[PDB]
Amino acid sequence: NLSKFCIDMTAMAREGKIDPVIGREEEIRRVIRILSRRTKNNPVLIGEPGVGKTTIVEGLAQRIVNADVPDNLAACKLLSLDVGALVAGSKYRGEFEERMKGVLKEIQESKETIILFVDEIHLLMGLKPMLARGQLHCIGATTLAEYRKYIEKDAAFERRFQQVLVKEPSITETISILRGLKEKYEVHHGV
Amino acid sequence: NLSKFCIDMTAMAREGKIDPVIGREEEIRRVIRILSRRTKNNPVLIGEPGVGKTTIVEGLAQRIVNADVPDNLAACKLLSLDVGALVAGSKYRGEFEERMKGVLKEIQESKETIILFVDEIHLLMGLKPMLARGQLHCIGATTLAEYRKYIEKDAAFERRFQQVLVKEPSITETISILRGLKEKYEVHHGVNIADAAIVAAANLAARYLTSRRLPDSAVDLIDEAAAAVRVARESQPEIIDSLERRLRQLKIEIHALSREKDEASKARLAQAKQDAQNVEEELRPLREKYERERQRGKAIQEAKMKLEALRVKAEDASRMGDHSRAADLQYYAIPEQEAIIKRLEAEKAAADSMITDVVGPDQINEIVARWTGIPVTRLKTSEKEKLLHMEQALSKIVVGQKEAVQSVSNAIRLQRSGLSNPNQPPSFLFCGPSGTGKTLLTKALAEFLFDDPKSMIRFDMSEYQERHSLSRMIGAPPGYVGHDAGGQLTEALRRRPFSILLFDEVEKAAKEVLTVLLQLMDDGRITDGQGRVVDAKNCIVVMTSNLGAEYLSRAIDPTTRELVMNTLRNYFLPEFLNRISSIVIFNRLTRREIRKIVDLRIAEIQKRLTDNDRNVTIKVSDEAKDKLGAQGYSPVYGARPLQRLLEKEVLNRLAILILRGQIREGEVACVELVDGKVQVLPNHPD
Amino acid sequence: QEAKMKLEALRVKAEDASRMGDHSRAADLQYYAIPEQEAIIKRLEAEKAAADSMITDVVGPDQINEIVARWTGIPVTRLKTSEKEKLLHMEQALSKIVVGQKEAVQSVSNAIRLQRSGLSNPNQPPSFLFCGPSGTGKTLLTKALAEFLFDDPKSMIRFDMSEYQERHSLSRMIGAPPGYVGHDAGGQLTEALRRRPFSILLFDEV
Ligand SMILES: Nc1ncnc2c1ncn2[C@@H]1O[C@H](COP(=O)(O)OP(=O)(O)O)[C@@H](O)[C@H]1O
Ligand SMILES: Nc1ncnc2c1ncn2[C@@H]1O[C@H](COP(=O)(O)OP(=O)(O)O)[C@@H](O)[C@H]1O
Ligand SMILES: Nc1ncnc2c1ncn2[C@@H]1O[C@H](COP(=O)(O)OP(=O)(O)O)[C@@H](O)[C@H]1O
Ligand SMILES: Nc1ncnc2c1ncn2[C@@H]1O[C@H](COP(=O)(O)OP(=O)(O)O)[C@@H](O)[C@H]1O
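Residue numbers (PDB author numbering), protein chains in the order written: chain A, 15 to 140, 155 to 219; chain B, 15 to 140, 155 to 380, 393 to 595, 603 to 733; chain C, 329 to 380, 393 to 546.
These aren't lab readings, by the way, just hints derived from the structure by calculation.
Every residue, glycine too, gets a C-beta built ideally from N, C-alpha and C.
A hint or two may mislead.
[As the list claims (entries may be wrong)] Straight line, CA to CA, 30 Å or less: simulated DSBU-like cross-link-like pairs of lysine-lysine:
1) A:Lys91 / A:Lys119
2) B:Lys156 / A:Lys177
3) B:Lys294 / C:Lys341
4) B:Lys119 / A:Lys156
[Stated by the list, open to error] Derived Cβ-Cβ restraints for the label pairs, each shown as a range:
5) B:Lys119 / C:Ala525: 46 to 52 Å
6) C:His508 / B:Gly723: 56 to 62 Å
7) A:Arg161 / C:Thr396: 55 to 61 Å
8) B:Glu111 / C:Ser474: 45 to 51 Å
9) B:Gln678 / C:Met513: 39 to 45 Å
10) B:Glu272 / A:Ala102: 43 to 49 Å
11) C:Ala451 / B:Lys548: 29 to 35 Å
12) C:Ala451 / B:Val573: 46 to 52 Å
13) C:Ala525 / B:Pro415: 35 to 41 Å
14) B:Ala379 / C:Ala525: 57 to 63 Å
15) A:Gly108 / B:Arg347: 47 to 53 Å
16) B:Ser346 / C:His508: 50 to 56 Å
17) B:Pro688 / A:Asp33: 54 to 60 Å
18) A:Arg161 / B:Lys18: 17 to 23 Å
Required output: the full structure, derived from the provided sequences and hints.
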């Protein structure tokens, strides 16, 4: 089983392994709204590194397990593909292609409705998850420049995604995040 | 086969994959007429993004399959080239050239008469489909600016096309489009769409979503509202959520109370079982009615989807002469289906907030509010309410021009109530000394009508003083001075129709430029540099002047009225002045009026202090307020020096004292008149 | 700290119990285990402050200012000084670099003080037009402002308007729609604002 390359984010949410998510309510509503479409129902988060793209997906995992989702997403297993361990853990050989087809087909067969999150999705554009029959739901993340230079140059693939701009928080917004994270980092380091 | 880059639009038409086309009959006749020529038989659609250029070609595909075309186009395969996937799906390498030659030569060989549609055709001009032997028929689409800057600069290629101007629809025309599209978007998202939302989307898109053109801006708005209700209808109502959680809570408390042995626990454990039972007694009827009724709204929506699919099969049967299958569907399948929808729907209203599966005006006003950033409360207020208290709203910004505020307010009320010429935009000439409120009133009008200072566009007539400058205003014919930049006015009217056009110091405009304003004021439309007539029914014209400040001393007086208006009669021709809705005169601001302007500005500074963390309150003594108003006014620059004067004398020191801690939180910044000069004093020594 | 860790672990088990409809175990934790734990933390913590530099187990502003200083290479002494102190003697600090432009130094200093004290529009960045002969201090004052506000010359980003003289050059400034001239490089200004928000934008020969 190609669980070597994916982590169950919905599982992590049930086990308290996801630090709290502060704010970002409208962005998570947008992701939910996009996913619930039948049209182009794959969100792509677009923001600078470190603005919180990943923790938005983490919040969605928290909402799936807490029934704070629409019915079409309630029984979803939200998987995070470790593309870093995939392209770097590989060479020019046919293992990049073989590894991704393996995970893409494990998603194929098993009967949980599965949403695949791929951070740094531009690394997959230099490959072809054209399982857009309604087989897989995908959440992508990348920066604006790399979305322009690597994702925007394959329209047919892009048009099935809908941009979600994730702006950088204000200082005021940042301390609310740090305040909300305060207790987790207190207990973790023991200080 | 290079079908990788093209989609068969005529095929899509037979498969019901093209949403309906509403109106636009004369434009489709023009395309048909051009295509049928032997001369220049390639139409190029020219219009702003989202006005419906593509759906015009889509309608032609509908006409080709329905034999509603002339014979020369009946057997045509209308292909749409995905130029976006072509130039972007490629680099500097020779694949752009190789990919296009491949498609251009697949068109070459196969024997269907093929019409190629290329949207955003300017992307192909930076290539050479000179197959104008009569090999390919081409339909192009682009905007006017890009047609001028990229298509008009290769004549030989251009002359084989014939322009088709696709103007932006009216609001009225836009709701007809949305009404015609209503059922398609209902079945697609599986929700219902109220008509008042459609009227709301069209009216609000035009007013507040000025960045995109009708009807796309209204279509995107309804489509986003529908998608927002697609998820609401698949979520439990709020009261089922709240009930279900208190129930689960009481079940926890019941398990816990049943362990403690004491007198008080047992008396409330029995009460907890009852409270649990009460909740379950309220929850089961509701949760049952919700699912009972969400299951039927879903049964209706598929009932609608098989109906539509039957009609596609039926339209194609009757098109291909298969009367056997066409009789199956048209007489038995489809009415059996329609009977299922009639019954499921009739019981739906009969069953009878909960189960939100409807796009209403609230959902439209909320979606816009998120996009526009305007509070939802300001969008729900009826236009009729604002207009009735318009003098109230403007007078909070403009002091001492009551006669002016009344004129602006009356003119606007005359047009929303339908008593003014619908082909003439409201036009104003503000006359009076500098710094009296002429520009400010226009800003207040912009923020009152469109809740956005950007809704006004400023033209300084000091930059249009010579006859040469007219091409800057309206554009120029090809090969001339500023053909590609276009005109400032004409380009503003195409991209921001619902705007306020401010012409500052109109007395200095060249007589040729004034002529354009008179056309704008009289006919509601102007002709650009290339003879093209651009529309302007939905704008507002404000012109400012100061040719009357000579006869206005600080005192409004009626004998002084025609000394300024006779000064106007020689600078402007009588036909110019007659076509202005209202010639409005501003007088000089009195000493008391200048004083409230000072209070207005400290109120704004007070707001930023409150908007930030600081609990510092600014109070101004009477005599200090008097010196500010005496130092502030000028018989030459009016109230203009006031904003900087406060900054220099009060705000500079008030800053320093705040950061020094000499005026702390909760205290008052007292601004006084010490030794005859305005100052604000500390409250604690350093 | 372990009392806090078992508390958190209990809340995970309790959240999952109530999620899976196990009201038996959910009542164990929510009503008995967790408050028995919370009572242990309340007592151990109450005596902690009551017992009463030594035992440094606190992240304070000094620890933040020191960590940054190591990363940024700025002396710790320059990071402890309050923003209010610098701004009050701003004319002093700039005048050590810019000679003979006292009216200019006062204008820059007053505008910055207007915004940290909250009296300027919070939606408008401070904007300046320096006007005067070459080699009088216009660029230098902007460098001194950069090193005074952010203690780094890199905090300013320079745009030479001699390279934006034609209408064609706007796409260089802000970018272009897909398939156009410099869609991928983006704009110089727009890309600068995304990646360096707290910057000084110098437009030379505007
Ligand atoms: N809304 C938020 N609430 C709590 N922590 C956040 C939030 N946004 C970002 N963070 C924190 O910021 C750090 C990086 O954020 P991340 O989501 O990884 O950024 P990105 O994925 O966009 O590079 C993480 O340690 C995360 O805990
Ligand atoms: N006459 C019309 N009838 C129905 N829908 C229309 C019409 N004109 C425009 N639309 C709608 O407006 C949206 C954008 O129109 P489109 O033709 O793509 O604009 P353009 O191609 O000029 O950018 C589409 O979703 C389309 O359904
Ligand atoms: N009647 C007035 N009420 C309030 N403020 C005014 C008035 N007249 C002038 N001002 C102030 O003076 C400034 C410039 O006035 P403006 O209306 O632009 O002058 P003009 O009459 O030359 O257009 C405005 O920003 C405003 O603050
Ligand atoms: N007022 C001044 N004080 C100190 N040095 C100056 C002054 N004006 C010019 N200089 C010197 O001249 C050089 C260039 O001056 P600069 O401010 O860039 O000129 P400009 O006014 O054209 O921007 C600086 O490196 C600086 O050394």
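Checklist entry - For which of the previously enumerated hints does the structure constitute a violation, in increasing order of number? => result 5
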